[PDB]
Amino acid sequence: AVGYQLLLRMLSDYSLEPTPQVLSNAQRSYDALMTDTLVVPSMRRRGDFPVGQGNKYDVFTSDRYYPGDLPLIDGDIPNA
Amino acid sequence: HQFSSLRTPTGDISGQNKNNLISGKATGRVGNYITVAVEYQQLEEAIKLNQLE
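Those protein sequences? They're chains 1 and P, same order as listed.
Counted from 1, the first sequence has number 106 at position 26 by the entry's author numbering; the numbering is strictly sequential.
Counted from 1, the second sequence has number 69 at position 16 by the entry's author numbering; the numbering is strictly sequential.
The shape of chain P in the complex, shown without the other chains:
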């Protein structure tokens, strides 16, 4: 919060108005999945696929 000050010759604030208390917020939300997928066939992994790790 932030405030402002009055300046008077003798300290009168009856005529004027006071400060208001406005409250604000910052919001955070979730994003999207970061997904990666692979697929291969049984015979492919049986003959060709080596050193898969």
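Isolated chain 1 (complex conformation):
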């Protein structure tokens, strides 16, 4: 992928136009790199959305409502 994308960029200097086969090969290589470098993040809760009564708050760690931010992990560092 790196070599193909470089070839397309530097071909103007020798004034050689690219071929459709080269373009297709570069496209497939770049698409494979794109597949390798995906993240697809998820949708966190809003923050004022209530937690159900069946989640057993006042006994479990859960509160009435979702945190809406990364929840506290330690307590020694409570600001974040």
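The set of hints was computed from the structure by calculation and includes no laboratory data.
Selected chain 1 positions facing chain P (in silico; Cβ < 7 Å):
| id | residue |
| --- | --- |
| 1 | 156 |
| 2 | 157 |
| 3 | 158 |
| 4 | 159 |
Have a look at the derived ranges for each label pair, beta carbon to beta carbon:
| id | chain 1 | residue 1 | chain 2 | residue 2 | range |
| --- | --- | --- | --- | --- | --- |
| 5 | 1 | 138 | P | 66 | 23 to 29 Å |
| 6 | P | 80 | 1 | 133 | 56 to 62 Å |
| 7 | 1 | 130 | P | 80 | 55 to 61 Å |
| 8 | 1 | 150 | P | 80 | 52 to 58 Å |
| 9 | P | 56 | 1 | 141 | 26 to 32 Å |
| 10 | 1 | 104 | P | 61 | 56 to 62 Å |
| 11 | P | 63 | 1 | 95 | 56 to 62 Å |
| 12 | 1 | 145 | P | 63 | 19 to 25 Å |
| 13 | 1 | 145 | P | 66 | 25 to 31 Å |
| 14 | 1 | 138 | P | 82 | 52 to 58 Å |
| 15 | P | 66 | 1 | 146 | 22 to 28 Å |
| 16 | 1 | 150 | P | 75 | 34 to 40 Å |
| 17 | 1 | 125 | P | 60 | 34 to 40 Å |
| 18 | 1 | 147 | P | 66 | 19 to 25 Å |
Computed cross-link-like contacts, SDA-like style, restricted to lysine to any residue with a CA-CA straight-line distance of at most 25 Å:
| id | chain 1 | residue 1 | chain 2 | residue 2 |
| --- | --- | --- | --- | --- |
| 19 | P | 101 | P | 90 |
| 20 | 1 | 136 | 1 | 124 |
| 21 | P | 71 | 1 | 152 |
| 22 | P | 71 | P | 61 |
| 23 | 1 | 136 | 1 | 151 |
| 24 | 1 | 136 | 1 | 153 |
| 25 | P | 71 | 1 | 160 |
| 26 | P | 101 | P | 89 |
| 27 | P | 71 | 1 | 158 |
| 28 | 1 | 136 | 1 | 148 |
| 29 | P | 71 | 1 | 153 |
| 30 | P | 78 | P | 54 |
| 31 | P | 71 | 1 | 155 |
| 32 | P | 71 | P | 55 |
| 33 | P | 71 | P | 54 |
| 34 | P | 71 | 1 | 154 |
| 35 | 1 | 136 | 1 | 155 |
| 36 | P | 71 | 1 | 151 |
| 37 | 1 | 136 | 1 | 149 |
| 38 | 1 | 136 | 1 | 158 |
| 39 | P | 71 | 1 | 156 |
| 40 | P | 71 | 1 | 157 |
Yeah, the Cβ is synthetic: ideal placement off N, Cα and C, and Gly gets one too.
Since the structure of chain 1 is provided, determine the placement of chain P on it from the hints.
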């Protein structure tokens, strides 16, 4: 007991250390007898000793 406080810009105590709980005591002990003793002879109390109380 006595304690000391931390001062942080945002409330981080993970790096630092906490307070220790050292316990001390004050002890009291017994002293010595304060004793006073007297003695006198039978003939002495028979002739000379009067108003002993």
